Amino acid sequence: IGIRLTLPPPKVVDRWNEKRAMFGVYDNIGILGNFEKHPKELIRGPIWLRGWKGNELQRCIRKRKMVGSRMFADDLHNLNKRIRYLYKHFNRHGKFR
Amino acid sequence: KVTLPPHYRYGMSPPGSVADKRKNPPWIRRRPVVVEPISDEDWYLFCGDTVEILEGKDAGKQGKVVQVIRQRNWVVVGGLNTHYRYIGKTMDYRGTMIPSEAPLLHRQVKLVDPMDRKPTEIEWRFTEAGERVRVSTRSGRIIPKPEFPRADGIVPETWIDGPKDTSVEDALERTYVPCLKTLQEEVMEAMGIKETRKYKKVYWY
Amino acid sequence: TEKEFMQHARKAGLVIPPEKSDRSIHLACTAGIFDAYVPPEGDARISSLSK
Amino acid sequence: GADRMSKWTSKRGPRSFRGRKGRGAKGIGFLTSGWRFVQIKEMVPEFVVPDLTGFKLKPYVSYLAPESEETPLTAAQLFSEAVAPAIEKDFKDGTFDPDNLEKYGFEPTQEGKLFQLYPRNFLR
Amino acid sequence: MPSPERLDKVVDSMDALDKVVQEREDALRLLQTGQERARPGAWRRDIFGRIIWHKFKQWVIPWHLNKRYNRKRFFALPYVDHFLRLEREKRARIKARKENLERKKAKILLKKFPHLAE
Amino acid sequence: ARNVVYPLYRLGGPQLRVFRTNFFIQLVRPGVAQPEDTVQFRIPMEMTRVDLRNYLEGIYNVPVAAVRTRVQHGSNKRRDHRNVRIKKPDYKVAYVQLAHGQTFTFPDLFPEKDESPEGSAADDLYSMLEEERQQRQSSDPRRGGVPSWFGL
Amino acid sequence: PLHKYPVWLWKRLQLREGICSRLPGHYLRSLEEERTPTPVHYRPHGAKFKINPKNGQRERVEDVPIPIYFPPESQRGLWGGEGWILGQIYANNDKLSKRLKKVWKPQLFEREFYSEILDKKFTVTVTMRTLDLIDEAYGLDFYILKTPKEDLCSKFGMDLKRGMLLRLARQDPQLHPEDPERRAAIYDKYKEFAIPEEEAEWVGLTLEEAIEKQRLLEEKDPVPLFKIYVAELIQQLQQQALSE
RNA sequence: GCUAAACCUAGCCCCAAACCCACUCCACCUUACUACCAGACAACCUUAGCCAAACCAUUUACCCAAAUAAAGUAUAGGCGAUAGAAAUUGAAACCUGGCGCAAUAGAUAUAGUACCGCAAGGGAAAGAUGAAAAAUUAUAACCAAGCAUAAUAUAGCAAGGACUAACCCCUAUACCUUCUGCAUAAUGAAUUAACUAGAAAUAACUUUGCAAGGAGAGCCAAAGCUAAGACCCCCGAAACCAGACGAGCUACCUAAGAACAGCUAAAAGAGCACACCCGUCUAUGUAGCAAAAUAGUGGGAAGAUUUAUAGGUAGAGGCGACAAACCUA
RNA sequence: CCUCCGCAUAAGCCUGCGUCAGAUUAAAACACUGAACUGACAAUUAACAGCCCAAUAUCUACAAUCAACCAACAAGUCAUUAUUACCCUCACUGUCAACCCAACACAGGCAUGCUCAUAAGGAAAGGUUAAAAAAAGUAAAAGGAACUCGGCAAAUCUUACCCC
RNA sequence: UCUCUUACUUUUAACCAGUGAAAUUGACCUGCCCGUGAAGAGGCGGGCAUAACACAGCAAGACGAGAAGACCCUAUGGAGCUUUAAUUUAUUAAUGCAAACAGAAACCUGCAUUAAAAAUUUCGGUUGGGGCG
Ligand SMILES: [K+]
Ligand SMILES: [K+]
Ligand SMILES: [Mg+2]
Ligand SMILES: [Mg+2]
Ligand SMILES: [Mg+2]
Ligand SMILES: [Mg+2]
Ligand SMILES: [Mg+2]
Ligand SMILES: [Mg+2]
Ligand SMILES: [Mg+2]
Ligand SMILES: [Mg+2]
Ligand SMILES: [Mg+2]
Ligand SMILES: [Mg+2]
Ligand SMILES: [Mg+2]
Ligand SMILES: [Mg+2]
Ligand SMILES: [Mg+2]
Ligand SMILES: [Mg+2]
Ligand SMILES: [Mg+2]
Ligand SMILES: [Mg+2]
Ligand SMILES: [Mg+2]
Ligand SMILES: [Mg+2]
Ligand SMILES: [Mg+2]
Ligand SMILES: [Mg+2]
Ligand SMILES: [Mg+2]
Ligand SMILES: [Mg+2]
Ligand SMILES: [Mg+2]
Ligand SMILES: [Mg+2]
Ligand SMILES: [Mg+2]
Ligand SMILES: [Mg+2]
Ligand SMILES: [Mg+2]
Ligand SMILES: [Mg+2]
Ligand SMILES: [Mg+2]
Ligand SMILES: [Mg+2]
Ligand SMILES: [Mg+2]
Ligand SMILES: [Mg+2]
Ligand SMILES: [Mg+2]
Ligand SMILES: [Mg+2]
Ligand SMILES: [Mg+2]
Ligand SMILES: [Mg+2]
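Protein chains in written order, with the entry's author numbering: chain i, 32 to 128; chain V, 12 to 216; chain d, 52 to 102; chain 9, 14 to 137; chain Y, 126 to 243; chain U, 2 to 153; chain X, 2 to 245.
Please note that a few of the clues may not be correct.
Quick list of in silico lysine to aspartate or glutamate cross-link-like pairs, EDC-like style, CA-CA up to 20 Å [to be verified]:
hint, chain 1, residue 1, chain 2, residue 2
1, U, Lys78, d, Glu53
2, X, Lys147, X, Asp160
3, V, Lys192, Y, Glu150
4, d, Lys71, V, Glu206
5, Y, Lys134, V, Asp163
6, X, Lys121, X, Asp136
7, X, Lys192, X, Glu202
8, 9, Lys126, V, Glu206
9, X, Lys121, X, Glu34
10, V, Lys192, Y, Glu148
11, Y, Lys182, 9, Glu101
12, V, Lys32, U, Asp81
13, 9, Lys34, U, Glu47
14, V, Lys32, d, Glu53
15, V, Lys100, U, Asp124
16, 9, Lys71, V, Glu184
17, 9, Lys39, U, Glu47
Please keep in mind that the hints were generated in silico from the structure rather than gathered at the bench.
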């Protein structure tokens with residue numbers, strides 16, 4: 032019980048597809064391009080996460096002040112509660128002071 | 012009418028049959044079989060058209076197509092790729108064995124040129140008159156769609172009018188003369204009903 | 052506690068496929084001999100008499 | 014314990030509820046004093062049934078018929094087939110004016126007509 | 126039933142006959158009056174704040190004298206604004222799921238049928 | 002007519018006339034014993050006995066003297082695999098009595114003699130099963146289950 | 002997911018499509034304007050920078066308006082921009098004391114005024130601020146015309162402006178029909194506020210009233226296709242005869 | 001060898017892009033989904049409290065329309081927990097993605113359905129053959145607990161040392177948690193399977209780069225500076241506030257009704273005693289027939305009576321022949 | 001053999017022991033005709049009941065109780081005319097059941113009209129044995145509260161007194 | 001009722017047949033005596049007893065089972081209630097002034113003072129069974 036009786040379907044990974052053969056390209060755009068571009072500008076994803084890093088509370092705070100006016104009512108309410116809980120957890124709970 | 016589940020699986024038995032209900036009850040849910048998307052215009056296999064089996068138990072044999080299923084891209088050929096099953100079995104009788112055909116995918120069959128009974132690939136083109144036809148890639152020749160009996164089974168060449176069947180001379184005669192009167196107004200003129208009372212105006216809101 | 056068995060199967064006829072279908076059953080062999088052959092009585096004696 | 018997801022009909026409720034709820038049939042009168050119902054003859058839909066004697070058409074059509082393409086009727090198609098020949102004939106004669114639009118068949122107002130077009134005051 | 130298909134043919138004939146007669150009346154109504162609908166109506170907000178097509182009815186008294194008609198409210202109060210956003214976002218989630226699911230089907234379908242890309 | 006807007010009537014107004022009616026009635030066999038002149042129909046809910054009286058006289062030219070209608074409830078007890086109640090639509094049953102003393106009896110629409118085919122019918126699939134079944138015989142107990150195909 | 006536009010921009014998006022986009026251009030500009038009203042319940046700083054006594058540094062100062070609640074009864078009078086102040090106070094003016102809710106209401110008077118342009122007397126509810134502002138404007142008619150929308154803070158006051166502007170634009174002879182000389186004298190005193198009747202007809206109207214007003218201008222029974230096709234047929238016939 | 005066990009899809013999540021739906025016919029604000037009569041009926045009004053300050057009473061973060069930086073700085077504050085700018089500086093921007101989930105997961109969703117509640121509201125469970133079921137002669141073996149195959153033989157935390165040999169001999173006071181100390185007759189656990197609990201880089205340390213400079217604006221520097229690695233859990237109250245939903249049970253009231261044999265008496269909130277209402281005593285029952293009943297015995301039974309129907313009073317409250325009663329067990 | 005039940009209406013419920021068929025087969029047992037399960041078909045027919053009222057003014061002191069006496073207070077449950085308008089006529093809906101509210105085919109709750117013992121409606125015992133203990137009932141020598149917190153239960157159908 | 005119980009019937013009961021729960025359960029191959037121990041031992045020490053085994057009774061034990069039971073104590077945990085606990089008059093009402101008026105007054109509004117009715121919050125530890133700390 033809890034373990035399959037048959038082998039999993041075989042998985043074949045294309046080590047030389049378009050994405051892997053061209054992964055990491057232009058990571059030296061700033062060094063080799065007279066510093067016109069920055070490698071952080073090559074990041075694709077959320078507008079509040081391009082070229083930025085932080086903990087869970089900092090991500091929620093940054094997301095609320097950048098796309099908070101565009102979020103859905105349910106999602107915005109959940110984000111506000113998450114900030115309230117994380118504020119209480121980090122600033123009032125822990126092993127070290 | 013038609014009651015098909017979102018992930019209903021089509022099979023050899025037609026939908027709505029007694030066997031189909033037992034095979035596919037409304038409550039069962041099976042993995043939807045992956046079907047390669049083929050446009051209706053791109054489909055080139057029709058009933059009554061001889062095709063050659065490329066892969067199977069008996070490859071390279073040509074047989075007429077009796078049924079095609081567009082939902083799963085299925086081709087059925089009579090007398091080819093058929094297994095054996097007992098029909099009409101009862102408790103006391105073992106049953107009678109008959110050959111039952113198996114479906115073939117569109118990539119497992121290949122249309123054959125009428126001039127040369129060899130597998131070939133065809134491409135859709137147009138004639139001078141503009142009618143769309145299929146032209147073989149090699150040794151380009153016109154391959155018309157073979158004639159097949161209709162689904163209902165009525166033969167127009169062997170059709171006899173019944174007691175409640177309108178004659179062609181009366182079903183094609185034009186009696187409508189365009190005017191600026193409604194059916195209600197026209198009928199009262201023909202019937203002769205006279206209504207001198209007027210219709211008082213009402214409020215609509 | 053309202054769960055029950057999935058007993059919903061009913062017996063149908065396998066004699067004929069669904070009607071009003073373009074596809075028809077293709078048969079390779081006949082059911083019986085068209086004209087039954089009755090060997091003459093005494094053929095066993097003629098087996099010895101090869102000539 | 015009431016089934017709130019069931020169709021509410023006249024069969025449910027007390028006597029007052031059952032008598033006031035109907036099934037969709039249009040009324041053909043009104044109630045007078047003493048609960049005496051008065052039926053109006055003009056409120057009863059009178060069926061205009063034509064004479065079917067010697068009628069060529071039949072419920073079915075023989076299969077030996079051409080497969081003519083469908084040509085849905087439009088206002089522009091109706092105007093050209095009916096009104097245009099009348100206007101063209103008078104235009105050539107040289108006696109044409111907007112004042113005589115009612116003469117060609119145009120109806121400036123639907124009032125005073127037994128069968129108004131908008132809003133219509135007749136059944137199907 | 127001996128010939129079940131006979132009923133379907135008549136029903137198709139009845140609907141076709143009804144379409145022809147209705148179409149002729151519609152074409153004539155556009156010529157004489159120009160109205161696209163045989164029944165009067167208008168676009169009005171209901172009490173729930175959604176735009177609906179209200180089909181007019183026949184009355185003997187004008188609307189400002191109708192006791193029962195004036196109880197019916199055809200305007201949305203400010204507290205319905207928040208619910209309209211909630212219902213709009215609910216459809217947006219439904220719409221987003223349909224769009225994203227279709228792309229997932231195509232991406233998986235190219236794995237087993239690479240000839241589709243080629 | 003049903004699913005239509007009836008034009009409102011005022012005192013001295015025009016007669017209400019219907020040229021095309023969408024009402025469809027079906028004659029049914031009564032489940033219990035009924036008088037000879039009594040005829041039973043199934044009519045839509047929007048249809049009344051006054052409309053039905055003019056319906057038969059107007060279309061079928063059947064003189065009717067008394068019309069009585071009742072609404073029959075459809076059982077909602079049936080539940081599908083989702084435990085959702087399945088509703089049988091309600092129908093209105095109308096009882097019509099003939100006017101001039103005529104007696105009506107529901108005919109037998111499926112005579113047994115007509116069902117039996119006097120002409121020969123030979124289905125291809127049926128012939129295959131019948132001939133093989135008769136030719137094949139039950140295993141002889143004296144054979145003890147030994148196959149009869151072998152002639153040795 | 003995320004909305005294409007922020008929620009606070011949806012109000013101005015509804016003015017891009019529908020009947021709102023068909024409103025007159027001048028009227029649409031007046032709604033989008035967010036001009037700051039005249040301070041009433043607070044004293045403005047008067048300068049942009051001040052010297053903080055604590056550290057002796059030039060710091061920036063800003064005027065933060067105090068929210069004002071206007072009861073629906075204030076739209077039938079001329080309160081002069083005053084209204085109810087819904088706020089909190091500290092007991093005995095001590096920060097350490099408990100905080101209590103306080104509401105300040107203006108002193109209302111039902112004074113009577115006479116308008117020279119409309120030639121009519123009105124019995125309206127006004128405050129002492131309105132009485133002072135009328136005297137500073139030297140007449141009720143001047144007060145109505147000079148005061149902007151965000152300072153009047155009264156729907157009835159905006160309707161008076163619309164009524165007065167139309168008479169200044171139409172040169173309506175209804176103002177003293179029996180006194181032609183007196184009529185011209187009044188219109189020569191308010192000639193500086195002349196506005197074209199096209200633009201003076203939409204002054205003071207709310208967004209809801211403007212939508213209905215524009216709908217009426219666009220409301221008309223559709224032209225029958227018979228009239229349209231008659232023009233098309235005759236036009237084609239006229240061109241047909243030219244070729245002949 | 002039974003029960004079972006496995007079996008991958010349905011679909012979903014997070015982004016990006018782009019601003020979305022809403023007239024076939026008929027019906028639908030009255031008791032919604034009801035063809036068809038004289039109305040007058042109107043929307044707008046600071047959130048609070050939990051919580052933190054180890055109580056609490058002033059106070060205590062909550063997108064407000066440019067990321068970064070100035071800066072956690074100026075200021076605010078039982079000057080205390082904590083709150084916190086601006087001038088000024090200036091940003092790239094290519095939807096068609098995944099070191100996301102794979103039926104106890106991912107949306108609750110096969111569905112806001114079944115079901116539960118008078119209502120607001122709460123809220124599921126599950127599916128699995130194959131190319132072909134128009135092959136069921138079918139989708140072979142092994143796998144949890146539970147059983148069956150196959151009941152048991154002195155003696156004892158069930159085992160260990162052993163032994164020719166299962167036991168017999170010898171040795172051995174279950175586990176976790178909480179306490180100074182538990183074989184403890186202290187807590188928890190029938191068992192099987194799945195699910196279920198340590199998130200943060202200020203300083204310091206370690207290992208690279210460069211070096212009186214370091215860093216891809218700002219910042220730090222008397223060997224520093226940049227980058228990485230590496231430290232901070234889960235479940236549980238009684239409560240509080242805001243907005244809704246409830247008087248079909250019950251408490252009282254309103255509208256218009258109904259019931260009360262017989263006998264004794266007298267024009268009785270009278271007597272005896274049925275229907276009816278009530279529930280004194282005792283017994284049975286105590287997961288019961290019943291989340292308050294049964295049998296017998298009792299109180300009232302023409303009245304401050306009993307009762308059907310519709311309506312009213314709603315929580316900072318109602319209502320009360322005051323029992324801190326009753327307001328959907 | 002029981003009948004403290006019954007029948008109908010109101011309210012409620014919504015086809016829920018009618019017919020046929022079923023690989024059928026669990027209603028707290030049974031079951032082939034098995035059936036209060038599934039499928040299909042059939043049904044309850046209006047006179048009863050519900051659904052009413054042209055407008056404007058103007059009218060309505062004297063209970064009920066066999067209403068006649070008498071005797072009351074708590075003071076009560078039932079009425080029109082004038083003028084104008086007006087003459088079409090039987091539609092629509094309810095009609096079944098062994099039924100409802102209590103999670104159940106629950107010893108409970110459940111309004112009115114008749115029957116006051118039935119002319120209607122039912123079945124306490126699956127079979128056996130006749131141990132203990134337990135529940136209910138009946139009988140008892142001699143004594144008659146000696147039992148017990150207490151004449152509680154039971155039998156019987158009593159007297160007198162105190163507290164509140 | 002009892003001295004002093006007894007007999008009988010019915011239900012239950014037990015057996016045969018059908019249907020078929022619930023609390024409970026660390027694992028048990030589950031003995032007595034004496035002693036010992038977290039202070040009350042089927043399991044530890046020393047003696048004694050001891051083929052296996054079901055059914056029917058019994059209620060001394062398993063500190064038996066059932067609702068973190070009741071009972072005292074703890075918490076800078078709650079709530080109700082009372083008040084000469086603390087903090088307030090926002091609200092309500094009554095006066096005063098200002099304002100506003102007429103020519104005097106009222107309504108309204110602002111600021112005060114009185115009460116009313118409420119609102120928020122807390123109940124320091126130490127020691128002491130027959131006290132008045
Ligand atoms: K029922
Ligand atoms: K015991
Ligand atoms: Mg009827
Ligand atoms: Mg009516
Ligand atoms: Mg009416
Ligand atoms: Mg605190
Ligand atoms: Mg505390
Ligand atoms: Mg799930
Ligand atoms: Mg096992
Ligand atoms: Mg030993
Ligand atoms: Mg509250
Ligand atoms: Mg009540
Ligand atoms: Mg009596
Ligand atoms: Mg009495
Ligand atoms: Mg009582
Ligand atoms: Mg007592
Ligand atoms: Mg009782
Ligand atoms: Mg008495
Ligand atoms: Mg009520
Ligand atoms: Mg009481
Ligand atoms: Mg008391
Ligand atoms: Mg007390
Ligand atoms: Mg009647
Ligand atoms: Mg028995
Ligand atoms: Mg005795
Ligand atoms: Mg004694
Ligand atoms: Mg004694
Ligand atoms: Mg004594
Ligand atoms: Mg007694
Ligand atoms: Mg048994
Ligand atoms: Mg259990
Ligand atoms: Mg033993
Ligand atoms: Mg001991
Ligand atoms: Mg021992
Ligand atoms: Mg025993
Ligand atoms: Mg016992
Ligand atoms: Mg402490
Ligand atoms: Mg507070």
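*Could you grab the alpha-carbon distance between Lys32 (chain V) and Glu53 (chain d) and see if it respects the 20 Å cut-off?*
violated, 25 Å
_For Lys134 (chain Y) and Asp163 (chain V), compute the direct alpha-carbon distance and say whether it is at most 20 Å._
holds, 13 Å
*Between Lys126 (chain 9) and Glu206 (chain V), is the straight-line Cα distance small enough, at 20 Å or below?*
Satisfied, since the Cα-Cα distance of roughly 11 Å is no more than 20 Å.
*CA of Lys78 (chain U) to CA of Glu53 (chain d), is that 20 Å or under?*
holds, 16 Å
*Compare the distance between the alpha carbons of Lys71 (chain d) and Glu206 (chain V) with 20 Å, and conclude whether the hinted pair is satisfied.*
violated, 53 Å
_Tell me if the straight-line CA distance from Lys192 (chain X) to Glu202 (chain X) falls inside 20 Å._
Distance ~17 Å between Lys192 (chain X) and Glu202 (chain X) Cα, so the pair holds.
*Does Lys147 (chain X) pair with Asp160 (chain X) here, judged by a C-alpha cut-off of 20 Å?*
holds, 14 Å
*Keeping to a limit of 20 Å between CA atoms, is the pair of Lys100 (chain V) and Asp124 (chain U) held or broken?*
OK: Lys100 (chain V) and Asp124 (chain U) at ~18 Å, within 20 Å.
_Pair hint outcome, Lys39 (chain 9) versus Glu47 (chain U) [Cα-Cα no greater than 20 Å]_ = holds, 7 Å
_So if I understand the rule, the pair passes when the alpha-carbon distance is 20 Å or less; does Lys32 (chain V) with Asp81 (chain U) pass?_
holds, 14 Å
*asked:* So if I understand the rule, the pair passes when the alpha-carbon distance is 20 Å or less; does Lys121 (chain X) with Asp136 (chain X) pass?
replied: The hint holds at about 19 Å.
*Within a Cα-Cα threshold of 20 Å, do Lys182 (chain Y) and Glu101 (chain 9) meet the stated pairing?*
violated, 42 Å
When the structure is compared with the earlier hints, violations turn up for hints 4, 9, 11, 14 and for no others.
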